[PDB]
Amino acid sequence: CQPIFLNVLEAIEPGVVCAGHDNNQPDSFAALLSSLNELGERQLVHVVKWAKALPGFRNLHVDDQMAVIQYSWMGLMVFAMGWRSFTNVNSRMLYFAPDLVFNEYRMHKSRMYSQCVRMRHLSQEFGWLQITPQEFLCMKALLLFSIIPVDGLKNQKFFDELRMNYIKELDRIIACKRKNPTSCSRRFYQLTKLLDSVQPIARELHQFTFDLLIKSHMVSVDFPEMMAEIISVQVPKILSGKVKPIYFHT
(Lines of atoms letter the chains of each structure in order from A and count residues from 1; the text may use other names and numbers.)
(Lines give C-alpha, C1' and ligand atoms only; values in the text may rest on other atoms or scores of the structure.)
(Ligands and ions follow the chains in the order given, each with its own letter.)
Protein backbone atom coordinates (compact mmCIF):
# COMPACT_ATOMS: atom_id res chain seq x y z
CA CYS A 1 0.00 0.00 0.00
CA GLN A 2 0.67 3.78 0.13
CA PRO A 3 3.94 5.52 1.02
CA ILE A 4 2.02 8.49 -0.43
CA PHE A 5 1.15 10.05 2.93
CA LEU A 6 4.77 9.87 4.07
CA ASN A 7 6.15 10.81 0.64
CA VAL A 8 4.21 14.02 1.14
CA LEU A 9 5.24 14.71 4.74
CA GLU A 10 8.90 14.30 3.82
CA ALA A 11 8.55 16.38 0.66
CA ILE A 12 7.03 19.44 2.37
CA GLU A 13 9.31 19.30 5.41
CA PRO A 14 10.90 22.79 5.72
CA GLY A 15 14.63 23.17 5.26
CA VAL A 16 17.15 24.85 7.57
CA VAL A 17 16.27 28.34 8.86
CA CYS A 18 18.93 30.67 10.29
CA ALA A 19 18.13 33.32 12.87
CA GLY A 20 20.60 35.91 11.58
CA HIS A 21 22.22 36.02 15.01
CA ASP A 22 25.81 37.30 15.12
CA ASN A 23 27.58 34.97 17.54
CA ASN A 24 30.56 37.26 18.11
CA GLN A 25 28.30 39.52 20.14
CA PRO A 26 27.96 39.21 23.96
CA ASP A 27 25.16 36.97 25.21
CA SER A 28 22.59 39.40 26.52
CA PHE A 29 18.88 39.00 27.15
CA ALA A 30 18.15 41.68 24.54
CA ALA A 31 20.32 40.21 21.76
CA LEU A 32 19.29 36.58 22.35
CA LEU A 33 15.54 37.27 22.59
CA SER A 34 15.63 39.66 19.63
CA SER A 35 17.27 36.94 17.55
CA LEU A 36 14.71 34.39 18.72
CA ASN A 37 11.87 36.70 17.70
CA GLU A 38 13.44 37.24 14.27
CA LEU A 39 13.89 33.48 13.93
CA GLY A 40 10.25 33.22 14.91
CA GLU A 41 9.15 35.47 12.05
CA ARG A 42 11.20 33.54 9.46
CA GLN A 43 9.95 30.16 10.68
CA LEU A 44 6.30 31.24 10.67
CA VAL A 45 6.59 31.87 6.93
CA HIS A 46 7.80 28.30 6.45
CA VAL A 47 5.22 26.85 8.83
CA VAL A 48 2.39 28.53 6.90
CA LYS A 49 3.51 27.14 3.55
CA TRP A 50 4.09 23.71 5.12
CA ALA A 51 0.67 23.52 6.80
CA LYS A 52 -1.13 24.60 3.61
CA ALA A 53 0.62 21.80 1.68
CA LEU A 54 -0.39 19.05 4.12
CA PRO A 55 -2.79 16.36 2.84
CA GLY A 56 -6.38 17.56 3.32
CA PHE A 57 -5.43 20.82 5.05
CA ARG A 58 -7.26 22.89 2.47
CA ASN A 59 -10.56 21.09 2.91
CA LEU A 60 -10.76 23.16 6.13
CA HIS A 61 -12.63 26.49 6.10
CA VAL A 62 -10.27 29.26 4.97
CA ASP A 63 -10.65 31.21 8.22
CA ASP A 64 -9.96 28.07 10.25
CA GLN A 65 -6.76 27.34 8.30
CA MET A 66 -4.96 30.46 9.53
CA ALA A 67 -6.30 30.13 13.07
CA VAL A 68 -5.05 26.59 13.73
CA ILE A 69 -1.62 27.46 12.32
CA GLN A 70 -1.48 30.45 14.61
CA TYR A 71 -2.68 28.64 17.72
CA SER A 72 -0.43 25.60 17.25
CA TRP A 73 2.62 27.55 16.05
CA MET A 74 4.51 27.65 19.35
CA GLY A 75 4.04 23.94 19.98
CA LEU A 76 5.19 23.12 16.45
CA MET A 77 8.36 25.14 17.03
CA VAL A 78 8.95 23.44 20.39
CA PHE A 79 8.58 19.95 18.89
CA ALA A 80 10.68 20.52 15.76
CA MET A 81 13.42 22.34 17.67
CA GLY A 82 13.58 19.40 20.05
CA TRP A 83 13.91 17.03 17.11
CA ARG A 84 16.65 19.23 15.61
CA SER A 85 18.51 19.28 18.92
CA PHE A 86 18.33 15.47 18.97
CA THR A 87 19.52 14.90 15.39
CA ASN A 88 22.25 17.58 15.46
CA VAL A 89 23.74 17.71 18.95
CA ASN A 90 22.24 14.60 20.55
CA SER A 91 19.97 16.80 22.70
CA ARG A 92 22.77 18.41 24.72
CA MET A 93 21.88 21.94 23.59
CA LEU A 94 18.81 23.74 22.25
CA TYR A 95 19.35 23.88 18.51
CA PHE A 96 16.98 26.71 17.59
CA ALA A 97 19.01 27.28 14.46
CA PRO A 98 22.52 26.62 13.08
CA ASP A 99 23.56 30.10 14.18
CA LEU A 100 21.48 30.12 17.38
CA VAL A 101 22.40 27.25 19.68
CA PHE A 102 21.72 27.57 23.41
CA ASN A 103 24.32 26.21 25.83
CA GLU A 104 23.96 26.47 29.65
CA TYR A 105 24.96 30.13 29.83
CA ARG A 106 22.54 31.28 27.12
CA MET A 107 19.74 29.35 28.81
CA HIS A 108 20.28 31.53 31.89
CA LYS A 109 20.70 34.78 30.03
CA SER A 110 17.42 34.04 28.23
CA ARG A 111 15.64 34.33 31.60
CA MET A 112 13.77 31.15 30.68
CA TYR A 113 16.19 28.66 32.17
CA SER A 114 13.66 26.24 33.69
CA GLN A 115 11.67 26.13 30.45
CA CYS A 116 14.84 25.49 28.45
CA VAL A 117 15.50 22.55 30.73
CA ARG A 118 11.99 21.23 30.08
CA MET A 119 12.65 21.60 26.34
CA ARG A 120 15.92 19.67 26.58
CA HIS A 121 13.98 16.93 28.41
CA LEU A 122 11.44 16.83 25.59
CA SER A 123 14.32 16.65 23.10
CA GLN A 124 15.86 13.77 25.07
CA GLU A 125 12.59 11.84 24.74
CA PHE A 126 13.23 11.49 20.99
CA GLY A 127 16.29 9.45 21.92
CA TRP A 128 14.78 7.55 24.86
CA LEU A 129 11.79 6.47 22.78
CA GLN A 130 13.82 5.93 19.62
CA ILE A 131 11.34 8.16 17.79
CA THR A 132 11.69 7.52 14.05
CA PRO A 133 11.77 10.23 11.34
CA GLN A 134 8.35 8.98 10.20
CA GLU A 135 6.92 8.99 13.72
CA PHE A 136 8.32 12.50 14.10
CA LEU A 137 6.74 13.80 10.89
CA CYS A 138 3.28 12.34 11.56
CA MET A 139 3.37 13.60 15.17
CA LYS A 140 4.40 17.10 14.07
CA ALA A 141 1.49 17.17 11.61
CA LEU A 142 -0.82 16.05 14.41
CA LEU A 143 0.32 18.97 16.60
CA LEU A 144 -1.13 21.37 14.02
CA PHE A 145 -4.54 19.88 14.88
CA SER A 146 -4.05 19.93 18.65
CA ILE A 147 -5.32 23.29 19.86
CA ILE A 148 -8.65 24.99 19.15
CA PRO A 149 -11.32 27.46 20.40
CA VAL A 150 -13.32 25.89 23.21
CA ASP A 151 -16.52 26.79 21.43
CA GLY A 152 -15.47 25.52 18.04
CA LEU A 153 -13.93 26.38 14.72
CA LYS A 154 -16.03 27.88 11.94
CA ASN A 155 -16.42 24.38 10.44
CA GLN A 156 -15.43 22.14 13.35
CA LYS A 157 -16.54 18.99 11.54
CA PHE A 158 -14.01 19.43 8.73
CA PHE A 159 -11.34 19.84 11.43
CA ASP A 160 -12.55 16.81 13.37
CA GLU A 161 -12.37 14.60 10.28
CA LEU A 162 -8.89 15.81 9.38
CA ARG A 163 -7.56 15.24 12.91
CA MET A 164 -9.12 11.78 12.97
CA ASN A 165 -7.36 11.02 9.69
CA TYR A 166 -3.98 12.16 10.94
CA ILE A 167 -4.40 9.96 13.98
CA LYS A 168 -5.17 6.98 11.73
CA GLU A 169 -1.98 7.66 9.78
CA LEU A 170 -0.12 7.64 13.08
CA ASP A 171 -1.86 4.36 13.84
CA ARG A 172 -0.57 2.62 10.74
CA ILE A 173 2.95 4.03 10.96
CA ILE A 174 2.96 2.35 14.36
CA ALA A 175 1.42 -0.86 12.99
CA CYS A 176 3.87 -0.99 10.07
CA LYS A 177 6.64 -3.46 10.84
CA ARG A 178 4.74 -4.07 14.01
CA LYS A 179 2.98 -7.28 14.82
CA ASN A 180 0.48 -7.66 17.61
CA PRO A 181 -2.05 -4.91 18.76
CA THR A 182 -0.52 -4.88 22.25
CA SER A 183 2.85 -3.75 20.89
CA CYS A 184 0.99 -1.14 18.82
CA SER A 185 -1.15 0.06 21.73
CA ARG A 186 1.89 0.64 23.92
CA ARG A 187 3.74 2.71 21.31
CA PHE A 188 0.55 4.73 20.79
CA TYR A 189 0.40 5.40 24.53
CA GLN A 190 4.02 6.57 24.45
CA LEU A 191 3.54 8.81 21.43
CA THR A 192 0.33 10.44 22.70
CA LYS A 193 2.03 11.15 26.05
CA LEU A 194 4.87 12.78 24.16
CA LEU A 195 2.48 14.91 22.11
CA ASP A 196 0.62 16.00 25.25
CA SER A 197 3.89 17.07 26.89
CA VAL A 198 4.38 19.70 24.19
CA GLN A 199 1.34 21.67 25.37
CA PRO A 200 2.39 22.65 28.90
CA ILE A 201 5.71 23.86 27.52
CA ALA A 202 4.14 25.87 24.67
CA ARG A 203 1.77 27.47 27.18
CA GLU A 204 4.67 28.70 29.34
CA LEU A 205 6.35 30.00 26.22
CA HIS A 206 3.07 31.72 25.31
CA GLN A 207 2.95 33.35 28.75
CA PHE A 208 6.64 34.28 28.61
CA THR A 209 6.63 35.98 25.20
CA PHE A 210 3.25 37.68 25.80
CA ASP A 211 4.71 39.22 28.96
CA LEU A 212 7.89 40.11 27.09
CA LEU A 213 5.93 41.79 24.30
CA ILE A 214 4.08 44.02 26.76
CA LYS A 215 7.47 44.62 28.43
CA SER A 216 9.56 45.02 25.22
CA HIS A 217 10.30 48.78 25.10
CA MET A 218 11.80 48.99 28.63
CA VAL A 219 13.76 45.77 28.08
CA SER A 220 15.15 46.57 24.62
CA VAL A 221 13.76 43.46 22.90
CA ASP A 222 12.06 44.02 19.55
CA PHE A 223 9.29 42.03 17.86
CA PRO A 224 8.75 41.79 14.07
CA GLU A 225 5.24 42.63 12.85
CA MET A 226 3.83 39.10 12.30
CA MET A 227 5.05 37.99 15.76
CA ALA A 228 3.65 41.09 17.43
CA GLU A 229 0.35 40.38 15.69
CA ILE A 230 -0.01 36.73 16.71
CA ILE A 231 1.26 37.50 20.23
CA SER A 232 -1.29 40.27 20.83
CA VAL A 233 -4.20 38.81 18.83
CA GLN A 234 -4.04 34.99 18.93
CA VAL A 235 -1.92 34.19 22.02
CA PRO A 236 -4.16 36.04 24.51
CA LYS A 237 -7.03 33.77 23.50
CA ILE A 238 -5.02 30.78 24.70
CA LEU A 239 -3.83 32.51 27.85
CA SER A 240 -7.40 33.68 28.57
CA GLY A 241 -8.73 30.16 28.10
CA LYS A 242 -10.83 30.69 24.97
CA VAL A 243 -8.47 28.47 22.98
CA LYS A 244 -7.31 25.17 24.50
CA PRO A 245 -5.09 22.16 23.65
CA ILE A 246 -6.68 18.82 22.81
CA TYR A 247 -4.98 16.54 25.34
CA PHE A 248 -5.16 12.81 24.71
CA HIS A 249 -4.69 12.08 28.38
CA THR A 250 -6.09 13.62 31.53
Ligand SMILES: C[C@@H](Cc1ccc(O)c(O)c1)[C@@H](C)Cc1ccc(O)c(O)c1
Contents of the next structure:
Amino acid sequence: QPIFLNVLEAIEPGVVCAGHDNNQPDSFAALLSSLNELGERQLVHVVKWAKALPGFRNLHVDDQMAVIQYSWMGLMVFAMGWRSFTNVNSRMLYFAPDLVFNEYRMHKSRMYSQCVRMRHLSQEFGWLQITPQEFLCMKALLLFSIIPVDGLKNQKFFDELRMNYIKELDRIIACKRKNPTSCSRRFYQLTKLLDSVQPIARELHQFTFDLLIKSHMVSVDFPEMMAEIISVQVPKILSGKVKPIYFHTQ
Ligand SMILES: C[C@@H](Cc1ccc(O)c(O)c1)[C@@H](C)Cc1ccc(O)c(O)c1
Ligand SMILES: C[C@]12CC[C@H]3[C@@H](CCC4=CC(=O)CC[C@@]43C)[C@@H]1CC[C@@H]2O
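Swap state to the form solved in complex with the named molecule from the form solved without the named molecule:
Zooming out: every chain and molecule, the one shown earlier first.
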Protein backbone atom coordinates (compact mmCIF):
# COMPACT_ATOMS: atom_id res chain seq x y z
CA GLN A 1 0.00 0.00 0.00
CA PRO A 2 1.35 3.46 -0.86
CA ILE A 3 1.26 5.54 2.30
CA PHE A 4 2.05 8.71 0.34
CA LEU A 5 -1.06 8.33 -1.88
CA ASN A 6 -3.35 7.60 1.08
CA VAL A 7 -2.39 10.97 2.48
CA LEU A 8 -2.97 13.07 -0.65
CA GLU A 9 -6.24 11.32 -1.36
CA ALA A 10 -7.33 11.86 2.30
CA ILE A 11 -6.37 15.56 2.51
CA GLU A 12 -7.83 16.67 -0.86
CA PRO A 13 -10.26 19.53 -0.14
CA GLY A 14 -13.90 19.22 -0.99
CA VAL A 15 -16.21 21.34 -3.10
CA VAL A 16 -15.95 25.08 -2.35
CA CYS A 17 -18.77 27.38 -3.45
CA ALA A 18 -18.21 30.92 -4.66
CA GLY A 19 -21.29 32.66 -3.14
CA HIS A 20 -22.21 34.14 -6.55
CA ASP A 21 -25.73 35.61 -7.03
CA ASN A 22 -26.49 33.89 -10.35
CA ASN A 23 -29.73 35.91 -10.88
CA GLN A 24 -27.68 39.06 -11.49
CA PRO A 25 -26.65 40.02 -15.02
CA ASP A 26 -23.18 38.78 -15.94
CA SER A 27 -21.19 41.98 -15.35
CA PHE A 28 -17.45 42.48 -15.08
CA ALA A 29 -17.81 43.84 -11.51
CA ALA A 30 -19.98 40.91 -10.29
CA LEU A 31 -18.00 38.14 -12.03
CA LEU A 32 -14.76 39.41 -10.53
CA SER A 33 -15.98 40.18 -7.01
CA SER A 34 -17.25 36.61 -6.98
CA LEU A 35 -13.95 35.16 -8.36
CA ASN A 36 -12.28 37.24 -5.64
CA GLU A 37 -14.50 35.93 -2.80
CA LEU A 38 -13.86 32.52 -4.34
CA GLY A 39 -10.11 33.10 -3.90
CA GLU A 40 -10.45 34.04 -0.23
CA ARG A 41 -12.50 30.87 0.38
CA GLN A 42 -10.19 28.55 -1.58
CA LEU A 43 -7.24 30.05 0.33
CA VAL A 44 -8.47 28.93 3.73
CA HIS A 45 -8.50 25.34 2.42
CA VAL A 46 -5.19 25.59 0.61
CA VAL A 47 -3.57 26.64 3.88
CA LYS A 48 -5.16 23.64 5.75
CA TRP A 49 -4.31 21.28 2.89
CA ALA A 50 -0.65 22.39 2.59
CA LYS A 51 -0.01 22.06 6.38
CA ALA A 52 -1.16 18.40 6.32
CA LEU A 53 1.11 17.48 3.41
CA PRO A 54 3.81 14.93 4.29
CA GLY A 55 7.00 16.80 5.36
CA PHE A 56 5.54 20.27 5.07
CA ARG A 57 5.87 21.22 8.73
CA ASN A 58 9.51 20.33 8.50
CA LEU A 59 10.03 23.54 6.60
CA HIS A 60 10.73 26.55 8.62
CA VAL A 61 7.59 28.43 9.62
CA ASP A 62 8.10 31.64 7.56
CA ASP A 63 8.91 29.47 4.55
CA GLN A 64 5.63 27.60 5.13
CA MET A 65 3.62 30.75 4.55
CA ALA A 66 5.90 32.15 1.81
CA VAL A 67 5.45 29.12 -0.44
CA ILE A 68 1.68 29.15 0.04
CA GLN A 69 1.60 32.86 -0.62
CA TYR A 70 3.69 32.49 -3.75
CA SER A 71 2.05 29.49 -5.31
CA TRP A 72 -1.69 29.68 -4.66
CA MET A 73 -2.50 30.95 -8.18
CA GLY A 74 -0.93 27.99 -9.91
CA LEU A 75 -2.35 25.46 -7.47
CA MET A 76 -5.89 26.79 -7.76
CA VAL A 77 -5.73 27.18 -11.53
CA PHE A 78 -4.60 23.55 -11.82
CA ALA A 79 -7.29 22.26 -9.44
CA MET A 80 -9.89 24.22 -11.38
CA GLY A 81 -8.64 22.72 -14.65
CA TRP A 82 -9.12 19.26 -13.15
CA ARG A 83 -12.66 20.15 -11.91
CA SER A 84 -13.44 21.44 -15.38
CA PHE A 85 -12.28 18.23 -17.01
CA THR A 86 -14.02 15.83 -14.57
CA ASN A 87 -17.41 17.68 -14.45
CA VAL A 88 -18.02 19.23 -17.85
CA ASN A 89 -15.34 17.64 -20.11
CA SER A 90 -13.52 21.00 -20.40
CA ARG A 91 -16.42 22.65 -22.26
CA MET A 92 -16.62 25.58 -19.77
CA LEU A 93 -14.59 26.74 -16.75
CA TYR A 94 -15.89 25.14 -13.56
CA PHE A 95 -14.68 27.66 -11.05
CA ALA A 96 -17.25 26.66 -8.39
CA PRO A 97 -20.56 24.69 -8.70
CA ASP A 98 -22.26 28.14 -8.52
CA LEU A 99 -19.84 29.88 -11.00
CA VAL A 100 -19.36 28.06 -14.25
CA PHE A 101 -18.06 30.32 -16.99
CA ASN A 102 -19.67 29.97 -20.38
CA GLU A 103 -18.17 31.78 -23.42
CA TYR A 104 -20.21 34.82 -22.52
CA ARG A 105 -18.88 34.98 -18.92
CA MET A 106 -15.38 34.63 -20.40
CA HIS A 107 -15.96 37.75 -22.49
CA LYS A 108 -17.66 39.70 -19.69
CA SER A 109 -14.88 38.93 -17.14
CA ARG A 110 -12.60 40.53 -19.71
CA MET A 111 -10.15 37.65 -19.44
CA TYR A 112 -11.21 35.84 -22.54
CA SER A 113 -7.55 35.08 -23.48
CA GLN A 114 -6.52 33.83 -20.03
CA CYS A 115 -9.65 31.65 -19.84
CA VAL A 116 -8.80 30.34 -23.29
CA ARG A 117 -5.35 29.32 -21.90
CA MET A 118 -6.97 27.94 -18.73
CA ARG A 119 -9.32 25.86 -20.90
CA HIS A 120 -6.48 24.42 -23.06
CA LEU A 121 -4.93 23.43 -19.75
CA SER A 122 -8.07 21.57 -18.60
CA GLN A 123 -8.27 19.76 -21.97
CA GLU A 124 -4.74 18.56 -21.47
CA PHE A 125 -5.95 16.34 -18.56
CA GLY A 126 -8.14 14.61 -21.14
CA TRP A 127 -5.63 14.58 -23.97
CA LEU A 128 -2.93 13.27 -21.64
CA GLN A 129 -5.27 10.86 -19.80
CA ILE A 130 -4.10 12.02 -16.37
CA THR A 131 -5.09 9.77 -13.46
CA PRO A 132 -6.32 11.20 -10.14
CA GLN A 133 -3.11 9.81 -8.63
CA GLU A 134 -0.94 11.77 -11.06
CA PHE A 135 -3.15 14.82 -10.63
CA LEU A 136 -2.74 14.76 -6.85
CA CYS A 137 1.06 14.37 -6.85
CA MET A 138 1.38 17.05 -9.54
CA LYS A 139 -0.69 19.45 -7.47
CA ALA A 140 1.50 18.91 -4.41
CA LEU A 141 4.57 19.43 -6.62
CA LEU A 142 3.03 22.69 -7.68
CA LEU A 143 3.17 23.97 -4.09
CA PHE A 144 6.99 23.64 -4.43
CA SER A 145 7.51 25.26 -7.80
CA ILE A 146 8.03 28.97 -7.02
CA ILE A 147 10.57 30.64 -4.67
CA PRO A 148 12.63 33.86 -4.16
CA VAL A 149 15.87 34.08 -6.10
CA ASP A 150 17.68 34.80 -2.85
CA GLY A 151 16.30 31.48 -1.61
CA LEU A 152 14.24 30.65 1.43
CA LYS A 153 15.07 30.97 5.16
CA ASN A 154 16.01 27.25 5.09
CA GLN A 155 16.58 26.50 1.38
CA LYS A 156 18.14 23.13 2.26
CA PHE A 157 14.94 21.74 3.75
CA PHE A 158 12.96 22.94 0.75
CA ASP A 159 15.20 21.20 -1.81
CA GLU A 160 14.97 17.89 0.07
CA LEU A 161 11.22 18.24 0.30
CA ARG A 162 10.84 18.99 -3.44
CA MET A 163 13.26 16.26 -4.57
CA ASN A 164 11.00 13.83 -2.67
CA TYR A 165 7.80 15.02 -4.33
CA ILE A 166 9.63 14.54 -7.63
CA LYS A 167 10.45 10.90 -6.72
CA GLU A 168 6.87 10.28 -5.66
CA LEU A 169 5.51 11.50 -8.97
CA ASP A 170 8.09 9.32 -10.66
CA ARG A 171 6.98 6.50 -8.30
CA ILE A 172 3.30 6.84 -9.25
CA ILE A 173 4.28 6.73 -12.93
CA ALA A 174 6.33 3.47 -12.58
CA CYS A 175 3.86 1.55 -10.28
CA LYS A 176 2.12 -0.01 -13.32
CA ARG A 177 4.19 0.21 -16.54
CA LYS A 178 5.86 -2.23 -18.95
CA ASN A 179 9.07 -0.90 -20.57
CA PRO A 180 11.09 2.29 -19.54
CA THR A 181 10.49 4.10 -22.95
CA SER A 182 6.93 5.02 -21.83
CA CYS A 183 7.93 5.80 -18.20
CA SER A 184 10.34 8.33 -19.77
CA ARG A 185 7.83 9.80 -22.21
CA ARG A 186 5.20 10.09 -19.51
CA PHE A 187 7.51 11.82 -17.03
CA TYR A 188 8.53 14.13 -19.86
CA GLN A 189 4.81 14.73 -20.67
CA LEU A 190 3.79 15.46 -17.08
CA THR A 191 6.81 17.67 -16.37
CA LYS A 192 5.94 19.73 -19.44
CA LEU A 193 2.34 19.88 -18.25
CA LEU A 194 3.45 21.27 -14.87
CA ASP A 195 5.73 23.86 -16.54
CA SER A 196 2.75 25.02 -18.60
CA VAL A 197 0.90 26.21 -15.43
CA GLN A 198 3.48 28.91 -14.75
CA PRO A 199 2.94 31.32 -17.73
CA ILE A 200 -0.83 31.06 -17.17
CA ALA A 201 -0.28 31.79 -13.48
CA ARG A 202 1.95 34.71 -14.47
CA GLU A 203 -0.82 36.15 -16.69
CA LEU A 204 -3.27 36.02 -13.81
CA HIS A 205 -0.87 37.68 -11.46
CA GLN A 206 -0.54 40.62 -13.92
CA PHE A 207 -4.32 40.76 -14.47
CA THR A 208 -5.40 40.67 -10.81
CA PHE A 209 -2.60 43.04 -9.75
CA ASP A 210 -3.81 45.52 -12.37
CA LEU A 211 -7.37 44.90 -11.23
CA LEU A 212 -6.71 45.65 -7.56
CA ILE A 213 -4.95 48.90 -8.48
CA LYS A 214 -8.11 50.26 -10.13
CA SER A 215 -10.48 48.31 -7.85
CA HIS A 216 -12.21 51.56 -6.66
CA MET A 217 -12.60 52.92 -10.25
CA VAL A 218 -14.27 49.77 -11.47
CA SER A 219 -16.40 48.71 -8.43
CA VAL A 220 -14.59 45.41 -7.67
CA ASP A 221 -14.26 44.15 -4.12
CA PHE A 222 -11.19 42.33 -2.88
CA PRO A 223 -11.51 40.49 0.44
CA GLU A 224 -8.77 41.32 2.99
CA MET A 225 -6.53 38.28 2.44
CA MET A 226 -6.67 38.62 -1.35
CA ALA A 227 -5.98 42.35 -1.04
CA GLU A 228 -2.95 41.75 1.15
CA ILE A 229 -1.40 38.89 -0.86
CA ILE A 230 -1.90 40.65 -4.13
CA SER A 231 -0.41 43.93 -2.88
CA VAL A 232 2.47 42.36 -0.92
CA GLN A 233 3.36 39.04 -2.46
CA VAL A 234 2.31 39.15 -6.14
CA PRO A 235 4.50 42.30 -6.79
CA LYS A 236 7.59 40.31 -5.77
CA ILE A 237 6.67 37.84 -8.48
CA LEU A 238 5.93 40.51 -11.01
CA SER A 239 9.18 42.41 -10.20
CA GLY A 240 11.24 39.19 -10.61
CA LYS A 241 12.24 38.72 -6.96
CA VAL A 242 10.26 35.45 -6.75
CA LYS A 243 10.46 33.08 -9.73
CA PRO A 244 8.87 29.78 -10.72
CA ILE A 245 10.99 26.63 -10.98
CA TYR A 246 10.75 25.15 -14.44
CA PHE A 247 11.73 21.61 -15.24
CA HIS A 248 12.69 22.76 -18.76
CA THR A 249 13.97 26.15 -19.99
CA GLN A 250 11.18 28.24 -21.50
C1 LIG B 1 6.89 13.08 1.00
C2 LIG B 1 7.81 12.16 1.78
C3 LIG B 1 8.14 10.93 0.94
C4 LIG B 1 7.65 9.61 1.53
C5 LIG B 1 7.56 9.44 2.91
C6 LIG B 1 7.12 8.23 3.46
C7 LIG B 1 6.77 7.16 2.65
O8 LIG B 1 6.34 5.98 3.18
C9 LIG B 1 6.86 7.34 1.18
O10 LIG B 1 6.53 6.32 0.34
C11 LIG B 1 7.30 8.57 0.68
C12 LIG B 1 9.04 12.98 2.15
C13 LIG B 1 8.65 14.22 2.95
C14 LIG B 1 10.08 12.17 2.92
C15 LIG B 1 10.46 12.93 4.17
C16 LIG B 1 10.74 12.22 5.34
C17 LIG B 1 11.09 12.87 6.51
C18 LIG B 1 11.17 14.25 6.54
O19 LIG B 1 11.51 14.89 7.69
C20 LIG B 1 10.87 15.02 5.30
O21 LIG B 1 10.94 16.39 5.29
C22 LIG B 1 10.52 14.32 4.15
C1 LIG C 1 -7.30 36.34 -8.96
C2 LIG C 1 -8.75 36.20 -9.41
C3 LIG C 1 -9.57 35.60 -8.26
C4 LIG C 1 -9.04 34.19 -7.89
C5 LIG C 1 -9.18 33.30 -9.12
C6 LIG C 1 -8.41 33.85 -10.34
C7 LIG C 1 -8.62 32.96 -11.56
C8 LIG C 1 -8.12 31.54 -11.29
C9 LIG C 1 -8.80 30.99 -10.04
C10 LIG C 1 -9.26 29.72 -10.08
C11 LIG C 1 -10.05 29.12 -8.98
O12 LIG C 1 -10.60 28.04 -9.14
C13 LIG C 1 -10.23 29.87 -7.68
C14 LIG C 1 -10.20 31.36 -7.98
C15 LIG C 1 -8.96 31.81 -8.79
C16 LIG C 1 -7.67 31.61 -7.98
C17 LIG C 1 -8.90 35.27 -10.61
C18 LIG C 1 -8.25 36.05 -11.76
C19 LIG C 1 -8.51 37.52 -11.41
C20 LIG C 1 -9.16 37.54 -10.02
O21 LIG C 1 -8.71 38.72 -9.32
